Amino acid sequence: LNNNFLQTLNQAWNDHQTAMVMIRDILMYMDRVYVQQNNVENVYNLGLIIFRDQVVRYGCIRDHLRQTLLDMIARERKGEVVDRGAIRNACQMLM
Amino acid sequence: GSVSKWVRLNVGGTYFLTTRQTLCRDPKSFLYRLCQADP
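In order, the protein sequence lines correspond to chains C1 and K1.
Going letter by letter, the first sequence gives residues 97 to 191 in the entry's author numbering.
Going letter by letter, the second sequence gives residues 40 to 78 in the entry's author numbering.
These are computed hints drawn from the structure, not numbers from a lab.
Just so it is clear, CB atoms sit at the ideal spot from N, CA and C, and this is done for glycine as well.
There may be inaccurate statements among the hints.
Said to hold, decoys possible - What follows is a set of in silico ranges between Cβ atoms, one per label pair, in the way DEER data are often shown: (1) 188 (chain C1) x 68 (chain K1): 37 to 43 angstroms; (2) 67 (chain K1) x 144 (chain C1): 15 to 21 angstroms; (3) 117 (chain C1) x 61 (chain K1): 22 to 28 angstroms; (4) 75 (chain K1) x 98 (chain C1): 49 to 55 angstroms; (5) 140 (chain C1) x 43 (chain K1): 27 to 33 angstroms.
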């Protein structure tokens, strides 16, 4: 928590995205056949839904992210510097 | 990619020589992933 919680969270998200893209490189075929064969959510969407539920929707990381984002935006408004890249990265993350 | 426009790929031991654009025509394929470097 003292090493920019946002920085590590963003790094972990980026690593998940990279690993999931590589995984997508691996199992394209089931993404293309099993998904509509069994009429279920597509597996890439599955691998973001699971990450969202386990990291974002999960309460503790959620509320720490919320409070600390409030801290960064208030401190930026006051006139002190914050890692705008990390905040931006959280923004999209949440999109 | 990771190499000059032309590439050679060893399909079953047979070297096929072709430009990547013939391969990169459909971005979804085994061949497309082969063109670009990755760990």
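Verification of the supplied hints:
1. The given range of 37 to 43 angstroms is broken by residue 188 (chain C1) and residue 68 (chain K1), whose C-beta atoms sit roughly 28 angstroms from each other.
2. At about 19 angstroms, the beta-carbon gap between residue 67 (chain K1) and residue 144 (chain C1) stays in the expected band of 15 to 21 angstroms.
3. Range check, residue 117 (chain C1) to residue 61 (chain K1): about 24 angstroms between beta-carbon atoms, so the 22 to 28 angstroms window is met.
4. Taken as a hint, the range 49 to 55 angstroms is violated for the pair residue 75 (chain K1) and residue 98 (chain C1), whose Cβ atoms sit roughly 38 angstroms apart.
5. For residue 140 (chain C1) and residue 43 (chain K1), the hinted distance range of 27 to 33 angstroms is satisfied, since their beta carbons lie about 32 angstroms from each other.
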